[PDB]
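A single protein chain has been omitted; all remaining protein chains appear in their positions.
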Amino acid sequence: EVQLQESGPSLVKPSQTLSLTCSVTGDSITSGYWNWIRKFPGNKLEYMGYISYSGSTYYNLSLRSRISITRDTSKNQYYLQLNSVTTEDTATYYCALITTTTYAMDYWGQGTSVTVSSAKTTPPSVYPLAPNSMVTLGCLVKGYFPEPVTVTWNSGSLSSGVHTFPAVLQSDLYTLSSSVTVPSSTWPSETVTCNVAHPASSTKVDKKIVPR
Amino acid sequence: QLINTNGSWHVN
Partner (left out) sequence: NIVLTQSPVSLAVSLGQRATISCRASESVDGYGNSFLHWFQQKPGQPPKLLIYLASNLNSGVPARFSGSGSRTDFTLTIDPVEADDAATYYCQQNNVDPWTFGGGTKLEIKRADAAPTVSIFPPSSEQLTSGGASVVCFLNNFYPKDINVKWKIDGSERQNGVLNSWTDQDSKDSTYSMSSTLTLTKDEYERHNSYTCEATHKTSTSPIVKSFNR
């Protein structure tokens, strides 16, 4: 019933400190082991460390010199700080709990992307893709930095029939696209809108797909 | 339960 959620900046400059918070709900951080793990773009997972229920810590030796994990039991949060980052520290960061029921990392946050780069935060351009009984439409989201951008269609009410494709980086700018497939009897008679969020630039963009 | 210290689990 415990829930964990990571938060903090999505972009950190080389040499500065990366900081994330894990907010824990439905149990108290004064029992269990409260960990950070990260997953590199190449997909490898690396264990970073814990702070335990007592305040004691354990850090991966690969990081021990640059990392600190602390907590605030009055907020039920715990924190990661990773000093002197380089582009090699770009990863998805997760907090997870180990209980002594399983001695395993048994509850996880959804994870949060942190990119380490000197490249500048750049908001997205959102371009509509418009062209049988089925019709496929789409949105092309170009020119933004850093990841993530998320996409929904009709605010999540078109959900099946959607493919949102992993972003591709070229020259410090990402491109991502998303397609949605609906019955031709529903478009253009009823509206279809892709909702693009880029939290790093504090931007949401809705683009309705109108026929050409 | 076991307690972890420096990566290994032990009784005390």
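We just call them A and B in the order they show up, numbering each chain from 1.
Criterion: a contact is a pair of C-beta atoms (placed from the backbone, for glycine too) under 8 Å apart; a residue touches a chain by one contact, two chains touch by 3 or more.
Checked against the hidden chain, the listed residues A:23, A:125 or A:203 yield one contact partner: A:125. Only one of the listed residues, A:23, A:68, A:122 or A:136, touches the absent chain: A:136.
Of the options A:52, A:115 or A:177, the residue whose C-beta touches the omitted chain is A:177.
Of A:2, A:119, A:167 or A:197, it is A:167 that touches the chain left out of the display. Only one of the listed residues, A:105, A:119 or A:197, touches the absent chain: A:105. Not every partner is drawn; the one left out touches chain A at residues 37, 43-47, 58, 60-62, 94, 96, 98, 102-106, 108-111, 125-131, 134, 136, 138, 140, 142, 163, 165-168, 170, 175-177, 179, 181, 212. For chain B, the residues touching the absent chain in the complete assembly are 2, 4, 6-11.
By our rule, only the chains that are shown with their structure count from here on.
Touching chain A in their complex are the following residues of chain B: 1-2, 4-7, 9. Only residues 33, 50, 52, 56, 58, 100, 103 of chain A touch chain B when the two sit together in their complex.
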